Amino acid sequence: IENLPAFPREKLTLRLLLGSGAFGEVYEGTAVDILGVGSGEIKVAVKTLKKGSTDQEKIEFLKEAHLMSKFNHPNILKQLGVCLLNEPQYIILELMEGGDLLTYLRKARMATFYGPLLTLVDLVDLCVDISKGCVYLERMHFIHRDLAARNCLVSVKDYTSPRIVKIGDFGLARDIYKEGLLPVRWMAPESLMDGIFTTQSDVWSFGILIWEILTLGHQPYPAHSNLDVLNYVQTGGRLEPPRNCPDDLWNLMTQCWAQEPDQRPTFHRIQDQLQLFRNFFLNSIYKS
């Protein structure tokens, strides 16, 4: 019997507004003893469901909350509690003070032209993090269907402390134990043409994700309007390689965008390739 973690609305204080997500509104706040009796006023994020909103939207809201209760993995955003008896509904998430990956990446590049505040090893660690999360989703028979940096989160705001990224928005995730959409730049050709979604289209999008990471948050297909994108892609056109991107990481990405879905790597292999490259590169610098 699946149970969402009920949490006393009284012990929750909404302090900062972080943005307007969904329908829709997210706040930083504090929640007493979320982590237990020896917790304190630990900071949290709060996802809210607007009052009076569609009965259908409330269901999507509840769907999300259920997906996140089900998941338990270091690279998957934690849902710490819910407030569902009173409106507005609250989904209480662990606070990721670095905000969304995309923003965290772009601040890193734009902070000083002395150089990015994230290095190649930093970026490889981000990729390794998200890929573990993908391994996990696959093992749980879930397809995320919207893998992109805007949908991941970073645990710290600064660029010096140890950091972790997590997948953090499962509004489109689907169980696959057996008229909307938008993000054309992340979608596999099968998905755009035939409306088909699989773990292998997730692999296409992870390819785009790690491209986003390696460019520090550039827009895919910068010279193409949304409309031209599907032309471009459907052709056989692919993104340009990031400036000075390691050949190993380009070959991985490239294979993620195999036209033929069964010619793409698996998530396990993708994580292997990422860990393999990291060790190679670490070893490489020390022997210098």
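What we label the rigid core is the largest C-alpha set whose atoms superpose within 1.5 Å from one form to the other. Residue numbers count along the first chain shown, from 1. First, how it differs from the form deposited in another entry.
Lining up the core between the two forms shows that one residue from 254, 219, 225, 54 moves its Cα 2 Å or more, and that residue is 54.
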Contents of the next structure:
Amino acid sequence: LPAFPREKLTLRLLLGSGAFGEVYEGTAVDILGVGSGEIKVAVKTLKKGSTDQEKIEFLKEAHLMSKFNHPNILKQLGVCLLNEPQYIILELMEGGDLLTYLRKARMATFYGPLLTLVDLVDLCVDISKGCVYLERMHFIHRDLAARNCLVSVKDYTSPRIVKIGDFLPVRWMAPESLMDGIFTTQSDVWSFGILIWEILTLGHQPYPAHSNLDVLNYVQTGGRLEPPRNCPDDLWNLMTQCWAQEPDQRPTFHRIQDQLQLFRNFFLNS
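Switching conditions: you have the form deposited in one PDB entry, so give me the form deposited in another entry.
Excluded here are partners and other molecules; the one chain stands alone.
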């Protein structure tokens, strides 16, 4: 656990609420080492007056995050858990969540989306690198979706990096998870298929003509999402593999990264 002095942390502004207390955008001095300087951070807080049950759940979240070190996984830079309000200090992803990022790219102008196919393929590749890391660590995510991924830039020109953050969402859940409550790395592969469909559609809601409860049945009955408009067939083929009814027939995250990597190389050669 990376204990950090709260005296070196400034809470600058409110970003949202989340689940335990409030989430702020802040500044942490030398949180990377003694020379580092002032670096922009996001601070997850546990409201003062929280019960022991809430403190234990907050401690569990800090423990979970302390295990990740990957370019495509959100990093916990420090914790301030000795006093109230308790803090979990994270790297600030200035672009915000991927769902909002994708949606704004689509709706900014009728000339076209602010993201191209090669931008969207790079997003898929970057998330799949994160998933390969998680599979290698034996960490089951349970909630892969664009609303849980973050982008490093807010604009659509600068080089960007996407990271997996936030560790029922029926529209993202695998059949076994809906029927038996089974959550494995194979069910995460299902959600990854939904997330790449989110990317290629630029943040459209999965199964738009279905309700949450009709999604529960439609998915158990063999029904899948519609192919995104003009979606390259290699990406649609990969997506349908992710949605195999039986978890054992779905590809591994390492295979998915290879498939995305092959498509990106093939496409760039054209």
